[PDB]
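Number of protein chains: 4
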Amino acid sequence: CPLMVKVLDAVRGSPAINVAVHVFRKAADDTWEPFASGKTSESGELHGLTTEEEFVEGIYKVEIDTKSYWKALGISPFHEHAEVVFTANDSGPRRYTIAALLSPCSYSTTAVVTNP
Amino acid sequence: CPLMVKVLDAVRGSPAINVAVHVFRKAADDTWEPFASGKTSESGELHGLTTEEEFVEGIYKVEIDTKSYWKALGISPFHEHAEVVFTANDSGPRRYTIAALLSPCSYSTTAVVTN
Amino acid sequence: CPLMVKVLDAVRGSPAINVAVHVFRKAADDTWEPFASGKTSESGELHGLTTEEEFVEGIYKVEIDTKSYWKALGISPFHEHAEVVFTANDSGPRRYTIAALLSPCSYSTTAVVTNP
Amino acid sequence: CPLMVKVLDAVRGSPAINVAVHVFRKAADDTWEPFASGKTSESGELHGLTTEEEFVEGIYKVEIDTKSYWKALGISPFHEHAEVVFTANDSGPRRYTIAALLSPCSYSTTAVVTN
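Protein chains in written order, with UniProt numbering: chain F, 30 to 145; chain B, 30 to 144; chain X, 30 to 145; chain R, 30 to 144.
Just so you know, the hints here were simulated from the structure itself, not pulled from any lab data.
Among the clues, some could well be false.
[Unchecked claim] Derived DSS-like pairs (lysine-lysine); straight-line CA-CA distance at most 27 Å: (1) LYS68(X) - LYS35(R); (2) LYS68(B) - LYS68(F); (3) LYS55(B) - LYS96(F); (4) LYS35(X) - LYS68(R); (5) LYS68(F) - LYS35(X); (6) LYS35(F) - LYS35(X); (7) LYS55(B) - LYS68(F); (8) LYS55(X) - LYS68(X); (9) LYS68(F) - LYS96(F); (10) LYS55(R) - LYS96(X); (11) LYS90(B) - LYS90(F); (12) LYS68(B) - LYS35(B).
Please work from the sequences and hints to get the whole structure.
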C-alpha cells in the first residue's frame, strides 16, 4: 500500500514490536483529523493503514507511541512519542515508508519515497 | 539558561544556522501554548530560551522549522518540521540540551541532560 | 541468508543503489581476510553474500563504499567509506541485517539481529 | 586544537564519558599509523589531539572504543568499535569536530567542520 511504518529498537538491535501508531491528516480548518491507526507486527512493520484512493494530497502526521514501548520494557524514556509530519502526494501518488529507529533518549526517522 | 537547542546539518557538515525554533508548553486543556522561540546562531545553538523559574515540570514541545531551512538551501525536504516532545522532570538532571541532526529526508534528535 | 546489507540515501529519501560493499573476516593471524563482496540492487539491498555454513563465528568487517556513491552524484563527501565491524555467531547462528543511512557529511548504521 | 571528537550516549541521554578514542594516519604503505589518542571528558569531548602543524592533509581514521563503553555499563553491544575514516583538506574549512551518537546496536557520526 501507499503508507508503511517500520520501527526498530537500537538497544536490542531488533524490530520494535507492538508499537502503537496513529495517523492524522490536516483538515481544511487546520485541525488534526484522525486518518488511520495500527500497531507494528513482529517484523516491526505496520501495513494496510490506507489505500491509494483514500491517501489523497494533504499534510499528514504519523505519531509513534515510543513512550509506551519503552515503559513496557522497564525504561522511562525522554520523548512522549515520535511525531513525523509531512506533505504527501503533492506531485502525484507516491509510496511512503516512514522508518523510525528508537533509543531511550533519542530517535531518528527517515522517509523512503518511491514512484510506483 | 536550563533549556538549550543545538542543530546540525548532515549535508554540509556544519551547524544549522538561522533555523527557527519554537517551544510550546502543553496547557491544561491539551492545546500547545507558545513558550519561547528564536533562531539558531552561527554555532547552530539557541540559548536563553527560558529561566530556571519559568521552566517548571510539564510536557513541552520543541518545533524546529527544517522545511524553511532546506528551502533556503534549494533542497527539497520531506518533513514540515522536526517536533521533539518531552516531559521536564525536577528529579532528573537539570540542564536540557535538545540536539538535532538534519538531512532533507531524515532527522534525529537526542536529549543531552546534565547538571 | 545470514548476512544482508541495506543502504538508504537521506538526501534523496530513497534506497542507495549500486553501492559497492566488501566483507572481510579477521583471520587467526589478525589480518582482514576478504570474505565476500557485492553491490546493492535497486531496492538498496545486498543479498546472497554468504551461506549459513560459510558464515562461521568470527569478527567481520562490512565496508560500504559511500565515497564512490556520492562522487557519482556530484558530491564530495566527508567519509572515505562506512566500516561496520562486529563479532558474529558467538552464541550460535544468527541472521544479521546491516542497515546504513547516508548523507554527505554523516552516516548512521544499525544492526538488526534475529534468531532464525 | 584543530581536530575534536565529541561523543553522546543515546541510552542515558548524556555525554559518553571516559570513552577511548584512537586516531590513526594512513601511511605510504597503506597501514594505519598511530597518531593520537585519549579519553573523552565529562563533557564527552576530547581536545588537544593534535596541532595545526602536525595535522597535514591526508587520510585519517578515528576509532572510538564503543564496545568497552557498553561493557562498562552492563549492556551487550553489537560493534567492535565505531570507525570514522576521512580525508583532511587544506581548502575546506579548518576545524574538524567528529561527533558520534551511540546506542548498543547503532551509531551515527557526523563531521562538523568550521573556521
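Tell me the numbers of any earlier hints that the structure contravenes, in ascending order.
1, 2, 4
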